[PDB]
Each structure stands twice: as C-alpha cells, then as structure tokens.
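**Q** Here are the chains, one letter per residue:
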Amino acid sequence: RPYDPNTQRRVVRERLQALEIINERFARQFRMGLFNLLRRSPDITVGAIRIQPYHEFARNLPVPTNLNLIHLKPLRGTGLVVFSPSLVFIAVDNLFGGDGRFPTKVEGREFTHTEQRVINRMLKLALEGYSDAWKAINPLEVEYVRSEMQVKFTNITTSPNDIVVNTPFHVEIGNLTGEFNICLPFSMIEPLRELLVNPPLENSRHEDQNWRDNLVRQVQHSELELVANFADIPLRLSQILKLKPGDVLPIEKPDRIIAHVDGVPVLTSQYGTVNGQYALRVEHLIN
Amino acid sequence: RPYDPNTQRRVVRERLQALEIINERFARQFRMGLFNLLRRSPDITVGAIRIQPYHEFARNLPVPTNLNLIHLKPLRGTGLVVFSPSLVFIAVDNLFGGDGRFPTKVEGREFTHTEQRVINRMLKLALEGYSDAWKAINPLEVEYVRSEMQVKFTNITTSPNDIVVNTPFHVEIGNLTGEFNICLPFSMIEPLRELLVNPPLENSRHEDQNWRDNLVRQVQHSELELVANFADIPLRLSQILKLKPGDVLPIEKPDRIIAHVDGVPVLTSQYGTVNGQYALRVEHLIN
Amino acid sequence: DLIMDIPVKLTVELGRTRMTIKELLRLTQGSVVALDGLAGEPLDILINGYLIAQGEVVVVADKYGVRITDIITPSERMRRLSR
Amino acid sequence: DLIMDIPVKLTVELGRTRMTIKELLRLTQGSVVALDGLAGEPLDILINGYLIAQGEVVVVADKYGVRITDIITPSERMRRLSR
Amino acid sequence: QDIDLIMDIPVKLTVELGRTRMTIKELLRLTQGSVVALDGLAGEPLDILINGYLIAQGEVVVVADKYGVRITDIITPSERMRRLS
Amino acid sequence: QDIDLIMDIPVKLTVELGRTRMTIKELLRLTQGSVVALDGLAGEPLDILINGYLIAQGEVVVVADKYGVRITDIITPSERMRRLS
Amino acid sequence: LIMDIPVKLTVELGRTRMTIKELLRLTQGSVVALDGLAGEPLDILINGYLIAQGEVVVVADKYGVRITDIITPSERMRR
Amino acid sequence: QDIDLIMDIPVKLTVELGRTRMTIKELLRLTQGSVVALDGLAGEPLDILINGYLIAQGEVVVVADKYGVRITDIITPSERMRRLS
Amino acid sequence: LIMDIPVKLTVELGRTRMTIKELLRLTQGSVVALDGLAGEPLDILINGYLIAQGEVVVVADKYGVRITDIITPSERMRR
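Protein chains in written order, with the deposited numbering: chain CB, 36 to 322; chain CA, 36 to 322; chain DB, 55 to 137; chain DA, 55 to 137; chain FC, 52 to 136; chain FB, 52 to 136; chain EB, 56 to 134; chain FA, 52 to 136; chain EA, 56 to 134.
One or more of the hints may lead you astray.
Result set (DSS-like, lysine-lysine): computed pairs, CA atoms no more than 27 Å apart in a straight line [stated by the list, open to error]:
no.	chain 1	residue 1	chain 2	residue 2
1	FB	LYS63	EB	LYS63
2	EB	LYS76	FC	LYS117
3	EB	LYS76	EB	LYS117
4	DB	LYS63	FB	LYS63
5	EB	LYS63	CB	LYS279
6	FA	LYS117	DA	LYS63
7	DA	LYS76	FB	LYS63
8	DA	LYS63	FA	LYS63
Hints are computed from structural coordinates only; laboratory data are not their basis.
Make the full structure from the sequences, and use the hints.
**A** Structural data, given as structure tokens:
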C-alpha cells in the first residue's frame, strides 16, 4: 500500500455522534414540516453518515438531479444540498393530487418552473430545520445561494480528491419512496471537529461554576511525579560502550536546574543541600 | 541540440494553477452569462493552457477568424481574444432561431454588421467575466480596443518568436460545438509570474497579524550554523601541491573579520581571546 | 557494529518527592523543597528516560564532572523497577 | 599537469557556535560571543568551502602568517565529516 | 499564591470498578479458573480518580470501541470519608 | 534590540512524517525487506521544522512532480510540550 | 550492556534552502516546494544522525518506511 | 566626494551564461568530445558583469550577426548574496 | 593530495571595451553589441583564468558547452 498526495485525506474513524444527533433532529424538523405541508405522514430514515472524496460522491450521485448551494456564516465555504428527481416527483404528485402508482422516468428534461418553485418551498423548510438543529450545538446562519443541474457544475471543492461528508435521508410517504443528500466539505467542519466528535451537552449554567469550583477543591491534593534534571551532557555510543567506573564526564556550570513532570518543565530552581538532603531552592514555575 | 537567439524563450514548466483556476472561474462567468443570453445551457471545456511562440500560435489559428485587442491597465501591452466563425455562427443561429443542423462553410466573406454586433455583445460579457475573475487574484482593468480580421494584422508581439500563452475554450450547446481562444503575451505576466505560479489564497485579514506575531515568537529559537573568516589569502595550484607542514603563508592585517552563514555575511567583529577560547567582539550586523 | 556513531542525550536526576498541586502552588521566591536522595548519595544517570547507572558530581580544578560507580546491573535494575 | 597555473581562494575559520536568531538579535556594540575552537588551537584551512588542513596564526617580525600542521589525511577527513 | 499559573501540568487519571477486602489466604487460592467478586454494586458509578486520589463518580460507556467515562457528580467530603471507612 | 535588521539570513527547513521509539535490537534486525511503522496517524499534518526545531503543522501535496507542504497552523506552547512528551 | 535503550528517530522528506523572507511571506494555504523528488527514497534519521534511505508506505492505516539502502558513509560527505 | 567628475573611464563588461561546480577529476577527463552542462536554466537572463563583478540580468539576442545583451533588471542585495551562496 | 576540490568556473560570450557614459545611457530594452561573433567558439574560464574554447549547446533542457580547443598558451598573450 503506497503513499500518494492524491490521498489528501484527514481520514476519520470517530463516531461523530454529535453530527448523528443533529442530523436526527434536523430530520425531525423536516418530518414535522413535511407533514404540515403535504398533509401526509412521511418517515425519514437517516442513512449512515458517509465520508468520501468529492469525486466519489459526484460519481455516486445519480445524474440528473437538483443541487443547491448554501453559505454558512461564519464558516467559509458552501454546502451542497442535493434533491433527487424521485423526491421532487413525490412532492409535486402529493401537492397536486395523485397516488404515485404511475411513476414517470426522468428523460433529461430540465425541471419546470413549477417544479423549481416546489423545490424552493421544500428547500426553505429544509434550511430552517437545518438552522434550528444547528443552533442547539453551534449557531450557524444558513442561506440559500443558487441552484445547479449537474454535479460537475457545483465547484464545491478545490480538488476532486477533497474529502467530504455526506448525510443521506430516505423519505417515504406511503409506498412512495425517495432519497436526498446534504453534502459538506470537510474543511467546513475542520475548526469544530472536536465539537462534533464530542456529544452535545444540555447543562449550560450550573456546571459553569459547580465544576470550576469542585475540580480545584478536589484536585487540591493529588500526588504527581516530578524529576529535576541537574545536568545535561551529550555523548556517543562509543563512550557509552567504553563507559567504565572511575571516569569523569565533563559538565558545564548549571546555574539553574529544571524540575519537570514526564518531561514538561514545571519549575526552575537552584540545587543545594538542606538537613542532609538534596534540596531545591525554587525560583519560579514556568508559565 | 544547438543554441539560437531565435529561441528567445523564458520556457515555463510550472503548473500555473492560479492561471488554471482563474480560467475556470472566467469560464464560469461566461457560462452563466451565455445561459442568460442565448436561453440555452452551454458547457465550456477549458483546454490545457498552452505555451508557444507567437508564430506557431498564428499558424495554428484557423484563418479566417475574428480577433480583438484588449488593454489591461496597469500592465503595458495587449490581449488578443480570438473568436471563431464556428462560435459566432452558433451564437447568431441560436439568437435568431435555428437548430444548427444546417451548418454553412466560411467562404472568406467579411462578417456582416449584424454578426459584428453579436460579436460585441458576446465580447463585453467575456471581458466582464475576465475582469471579475481577475480582480479576485489581482485587480485588472480590461477594455476592448479594436477588432481585426487576419492574425498577421494584430502586431501583438514585437517578434514572431516571442513566447505567448494561449487559453482555449470549447463551448458546446447541444450538439453544436465551437472553440475560442484568449492569447496573452508572456511579457504581460512577467511581473506577476510568481503570483500566477503560486495558488491564490482566500484569507486576507486574520493571517496578516497572526503570522507576523507567530513566526517571530517561534523562530525566536532555532539553531543555525555560522562560520567566521579570520583571514583571506590567494594562492595557486603550484603552491597547493608544494604545500608542506612547517611553512608560513603571509596574511595582511585583519582589522575586522566577517561571520557569515553559508557564505552570506551576517555580522562583523574583532577576533580575540576570552576565558581560554576564540571569542568575537562583535561590532554590528550587516543590513 | 555498523551503528557505531549515533549521538545520545545523557541526563542526571537528583531525586523526586511527594509533591502536590496546592503545595507547589504555594511555592514562591525562596521556597525550598526536598528530594528522596540523601546528601552525598549518587545521582541517577539516565538517557531518554531509562536508567543506565549511578554517578556523583565531582569538582576537580573548579570544573564540574560526573563520576560513575555502577553498571546497568540487570538484576539490580529488576529490583529497582519492582517498585 | 596542464592545469598547473590556476588561482584558488584560500580561507581560514576560527570556530562555530550554537547561536540562534534572538541571541544574535540581542547582540549590540561590545557584545561578545565564543566559538568551539580552544585558545591556541589550530584554525581550520579551507578553500571554497572544503577542508584542506589545519594551521595556526604566527606573528613573525610583526607580520602575520599561517603555519600549517597537518595534511588532508583522508582517514581523518572521514572522521571529521562523520559528525 | 496563584490560581491557574500551572496551566499545563499533566496528571494521570484512573477509574475503579469496585474495591474488595480479604486476606492472603483468599488470594493464594486464586489461580486460573478462580473468580472473585467485588462489593461494588452492578451499575453504581465508576470511581474516577487522578494519580490514585478520589475525584468523581460516573458511569462507563463505549466510544468507537474504547472505554470512556461519563462523569455525573464530584465527591464532597460527606461521602469522601464514607468511602474512606 | 532590533526587529528585522537581519532581513536576509538563509535557514534550512525540514518536514517530518512521524516519529518512533524503539531500541537497538529492533533496528539491528532492520535489513532489506524489513519495514517499520511510525506512530504518526495516516493523514495528520506533516511537522514543519526549521534547522531541526518545531515550526508548524501542515499537509503535503505534489507540485509539478515535487513535494510541497501546505501549512495550516503554527505550534503553540500548549501542544509544543505535548509533542515534547 | 547496551542491550535496550529506546531511540528517537524521524523520517525526512525535504531540505529547502531559503532565507527568512519567504517564511515571513508564508501564510495559510502557502505551498513551498521542497527539493525531495516525489518517489525518491526517503531518508531515515535517528537522533539527528542519518542512517538509512527508503520510501514511504501505509500499513494498517499507519505511516511506515520501506527502507532500501543503509549507511555506507561514502554517500555522506556530499550530503 | 564628487558625482560624475570621472565622466570618461573605459571599463570592460562581460556576460555569463551559467556557472558550474565540480572538481579537477571531472575536468581532467574533459577532452575533445567531452561536454559539460551548467546549472543555468535554459532561458534565464544572462548575467551581465563588468570587470568580473555582478551588474545585472538580461537575455541575449543577435544584432547584425553579432551577440547583444538586452538587460531587464539590475541586481539588488537580496539576490546578490543569493547568487553568492 | 589534491584529488578532489570543487572549483568555480564560468563561460563568457562578450568583452565589449566601452566607457561609462553609455552605461549611464543604458535603460530597459537597451541592447549593446558585444565583440563575440555569433557561432564563434565560446571560451571556458575557471575562477578568473581561461582554459578552454568551445561553443554552446542545450542538453536535457540545460545549458552546456561543447569544447573544441584547450589552453596552448601560444594564444594567450594576444588575448
């Protein structure tokens, strides 16, 4: 298995359960909105969050389909929500009156203006659900930018090998079924990677003081190892192999020695002798 | 392989990915504008950026064709955008109503006034896309100058062997296909050669102080080799061959010695002896 | 022995002490702490965090140096690490 | 030896030191730095960046000169460059 | 006297699932196939300590096939000496 | 005390793809056909250094068939001593 | 006597020679070319001392070095 | 101290198409049929000097079947010591 | 003893004898003729001392000198 710059991956194996729960909550807002709109009860199965290069995602995306760009302040970049012909078909059929027992294929014809308007109607609802799911974890301002036909026309990422995240959703209304995806570049969530790795927390006021107090009150007394390096000399394997008792290895004048824990300097001191012991007259702790 | 002044080439092997991305963005503005104008969805394939002498480009240019001159402040010179009979034909056919299933050859007839007018309408859109693609990287003021028939009538470069850059574009609308090129003398981009070699950067404010602080805080401490030249004597291979221990080689009076890294002087000093060591009493560092 | 020439970082340690957060927090200018090592007891020789031998500081003609006393002594090493 | 007559730039070096950007930044008028070379140790003879031999500065009748001691000594050169 | 001037100080934390109390004769008989129970009730919070000192209580979950403690409460002196005794 | 009076001063910068920790017995057995892994996770930023000291973190790309580092962040003291330990 | 001591080693892929000005000009997204050719055997360095040469391979989702050449100081002075 | 009181003073300029770096062993083998390359990139500006001292950079053309340099830039200290090293 | 020492050498294509007023008059695009004839064998000079003569060829997209004549100091005093 060779190494290539084409694999420009910040490969992820964490659970991303914060992303999972926020996707579930967004699907929840979308379900309530879609029940309100189409007068029918749907079910959204949130598929497994997928991590794949942009080229692979574009190839897997069924052409033709509808794509739409979102700008998410304060994060720089763009989101790539993709709506399938199947879901726009089901939505328009249910809105205009039908049973869906007579599906029609997609022949490459561009979507009608009415179909685009229905797409916008469901798109603003999806964006509002996206935003109100986000602001629980982190306040994000999401706004629609423009619509696109082909995936190669979205220029979502600088490189086709750029790593991206895809959240799929399977929306079913009765026997009617469809799918739609939400695509975000991994650079969108690089700054908040740790936030999305850890699960969201509900308490926001009590903890802020109870732990800042209790943690110091209890870590007040807990023993930790420390080692002070009095000297520092460089040698060689030759001198180490020939190292025999009775020789002297030169050392410069140590004006100050460093006491450290597991290597990290914690304080500086001057060595000395007190009550028959190797004592340290400290000067200050490194900040 | 001999050397000739006729090969007056500043031959380029760099990626010029800044030029590639700016060409892609210009093609993007052109695509959106052409969709707005001709009421049809085109696709522009940006061909490989070509580096060739002006005579070779002129020979490769299919005569007859339309050429147009641009002045790009503050850069001195001219751009040489060339529009093909194929694209002007497709544009006029789509504007005036047609399918393109009945193409007509070019018989050397000069373009009609209507055809030149359609050319101007596509040309101003192309120039605006050119400008708004440029000002992301460097603000360029591009303005149409005049139109020309034959390539030998453009006098774009002083010499036919002058090295030039060509950006080709293949524009397809349905089954209809055509091509057009944008030609720039390499002298136009001499000053910004490094700017076009390195990729464009998005951040423009935070970095401007973050890294000013951070690089000095961190390169605050990093070791570097330095050697001081105490003396300087010239010799010959004869004296080097006859050089045997026990001789003296004369040296003038060194009033000041130079301490340098890898050759480049970094400071001047006076030699001396301190605590049993060869010490340097520095005077100043060369600026 | 094709790896004959490799630089290695030597270090010495005086001693350690049971020493906690609040009492190190209380440390200020002139504060004194003690270590396990006895006065005149040989300091410990390590490299990159592993014991090698023991040695004491010696002042000869005003220059400091370290004079070693023992060897790695694997049985003694076993005894030391069994702590 | 058809290349007998070719001028070559000789140079000497006193010593080097572990010295960073801020320490040289702190250097001002009268500042002093040290080198690895011992007092009275022979300076190093190089030409265009390659060691040739070693030599010491000698003052005879008030005129300075360099008296060499060693030869290129390829084994010693191997030992030196293996550092 | 400073508050957080020791901003970076690495400490070692551990977690305990129960404690027991018996003599050497009950452990000399412990070999392969010998199991011993703990007084810790099945489901009570794991005891989070640092450097072998009591810190908190909290249960244990699995994250990406790895143990991870979800703390619930900090130890007060009232139950600290209860744990001591 | 000056700010940029050393305007020209050539330095040597290097980049590290991971660090390891083992003894001589694990390298004396290293010959042709012997491979060794590094603790560096496959995909973490390359460690940019200058003159053999820590500078930045950033990934590696290829430019005109040549290695080239795209830096992302500097090292701050917090993770500096983390790298040290 | 020296049976076991862990050693600190790195693997190096670039040695650009450059002054501080195009460090000062560096920002984020800034790409500097490094003299190491893509595919040239990567050199193995232990505690500041070069030992081996050999390219890079990924094993079990981990970085690793596939070594080919080792020491022979005849190729040391020119580097 | 005068500005242009040396109005007439003939000097010798030269131009260099590249510089190389090798030992005597690589030139003793240089005879008829032996060719040597230069580090100078094919197309970079010729180095204009006077009296063996760096002046400027500029390419070379032919005028009336004769070499002639077209200068483009005069050397600044920043690249002067870069050329030195 | 002197087996290996890298040397500094250049190749020269012009020796215009000319004073400073028509250096002062020089600007961008200024072309000065040089006595070297186009195609005349180019002289090889090593650290300020002429050795060889021979024209210029490009090899592997690199500058190079195709040498023909070498030393014979009989052609030195007139130059």
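**Q** Against this structure, judge whether each hint is valid.
**A** Going down the list of hints, with the structure as the test:
1. FB/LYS63 <-> EB/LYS63: Holds: FB/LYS63 and EB/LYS63 sit about 21 Å apart, inside 27 Å.
2. EB/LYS76 <-> FC/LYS117: violated, 47 Å
3. EB/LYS76 <-> EB/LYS117: Not OK: EB/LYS76 and EB/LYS117 at ~35 Å, beyond 27 Å, violated.
4. DB/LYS63 <-> FB/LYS63: holds, 23 Å
5. EB/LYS63 <-> CB/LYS279: holds, 25 Å
6. FA/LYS117 <-> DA/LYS63: Violated, because 35 Å separates the two Cα atoms, which is more than 27 Å.
7. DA/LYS76 <-> FB/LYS63: Within the cut-off at roughly 17 Å; holds.
8. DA/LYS63 <-> FA/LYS63: holds, 23 Å
Of the numbered hints listed earlier, those contradicted by the structure are 2, 3, 6.
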